[PDB]
Structures are given as C-alpha cells and as structure tokens.
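Here's a solo chain for you in structure tokens, the form solved without the partner chain.
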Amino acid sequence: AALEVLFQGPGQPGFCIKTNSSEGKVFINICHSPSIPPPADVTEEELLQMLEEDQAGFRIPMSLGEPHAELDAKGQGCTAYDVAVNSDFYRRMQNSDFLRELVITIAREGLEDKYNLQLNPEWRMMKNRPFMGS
C-alpha cells in the first residue's frame, strides 16, 4: 500500500518505531515534509470500509529511506530507516491512533518489500526519542 516517492531525507522528525529483523534491531523514523503528497482525503469510516475490500486499498505516498547505521541510547548498533509522509497528513495521524497504526503497518511492509526483510510486527513506540540518528 506504500506509494514510494524519492525524497532525500530527512524531513521533520516525527516519531520513532522500534522493531527488529532476524539479525538485529531496526528503527523506523516516521518523518514528514510538505514535499510528500498526501493520500486521498477520506473519513475514518470510509477508510474502514476500504480495508475490508482491499488490505492495501488505501495507498499512502511515502519515502522509503536507505538504511543508516546508528547507536542506540545504550551505545549499541542498529539500523534506522527514514520514512517521510505529507505534513498535513502527519497532523491527522497525531489525532488518530487508528490512522497512525495503519501508517506504521504500511511503512513496515513497504520496507520489508523493498529490502527483502522480515520485520517483527510487535513494534513499540519509543518514548525517549522522536528519531533514531541525527
């Protein structure tokens, strides 16, 4: 459901999602920029029905950044990927847990497809960091 656009990141830091592959820790930096087009403007109700009809029916424009190696708060190596969405859409995500978690799934699956990874679906929001890296 990710519609990939090429965007040399990062935009503005947003929030940071911790997951992992079979080989190590992976962080998804959800960022935003006015450069990234928004998805179609729909209500939460209309969105729910689209997912019933197509698991990937709601296409979201986003960048899928190249991996960069970083050190976590404990000084250990990890991978970060910068994933940027539209700024106005990001504000909408801030006000909807359902919308935010949908976008996180689409970003995770987008990265899985692009980099041939299996990423743990049991992700967690980082509380001490909006962004892994500089």
Given for the second form:
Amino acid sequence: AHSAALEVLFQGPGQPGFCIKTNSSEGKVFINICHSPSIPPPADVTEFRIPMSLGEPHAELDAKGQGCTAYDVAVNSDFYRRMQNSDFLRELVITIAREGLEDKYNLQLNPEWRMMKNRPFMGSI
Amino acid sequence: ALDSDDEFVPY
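Could you switch over to the form solved in complex with the partner chain, since the one displayed so far is the form solved without the partner chain?
Shown next: the complete complex, the earlier chain at its head.
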C-alpha cells in the first residue's frame, strides 16, 4: 500500500537502462528497466503513480544456455535520469515494476531481487 | 562475488 504502476501503451524497442534479476516458482525472471521519450513522465502532484509499459514475456538463454523469462518495462527517459541519481527512487520503481508484472501476468516474483551491474539488458535488440 | 548471469552483453 505504497505507490503503484500505471500501464501505458508502447512499442518498442525503446532503449535499455538496467537489468534486474529475480525469480518465480518456475525459474529465473529478468526485468529490463528501459526508457523512452515517447512515454509520459509521472504527472506533477498538487499535494506516486508511475506510468510505464509492461512488455510481453520473451524467453532468453542464461549464461548456462538455459531458458529464462525476461520482461521489458519502459519508463520516461527524463524520469529515468532522476532514477539514476536516486537509490530510493530507483528501488521503488523496481518494486513498482515487479508488482506491475505480477498483476498483469499472474506471477509470483521474488521481492529479494538482485541488480545486474555488468549486464544492462537480458536479450536483444 | 558476481551473479552467474551478471555479464556484459551488447544488446
């Protein structure tokens, strides 16, 4: 009961930012936080709902040649810059994105996620 | 210590 994701339409491809590693009961799940100018930033508040696209799952191979699931979640480019300079803002958006994907596709993702520091994106582009 | 999948791949 904190903040929430708001799904907007988007194609796609946008541009990668960073990659989050988590899992379901079945296997590994990767959340690719991407960004695009064509996606609205959060509305200026008078007194947080984050607009973001929730991409369809696409299977990719992990480092061991095993299939895993990856989701592309795109956010506003300017809002993304603000995310890069804010650990609080970034981690919140992660949680928000994860719960957005859980809602849309009926998944149970691991809250205890891990940040990929070398890999910016799981898949192609 | 790295994650098993934490390696740079030029998308």
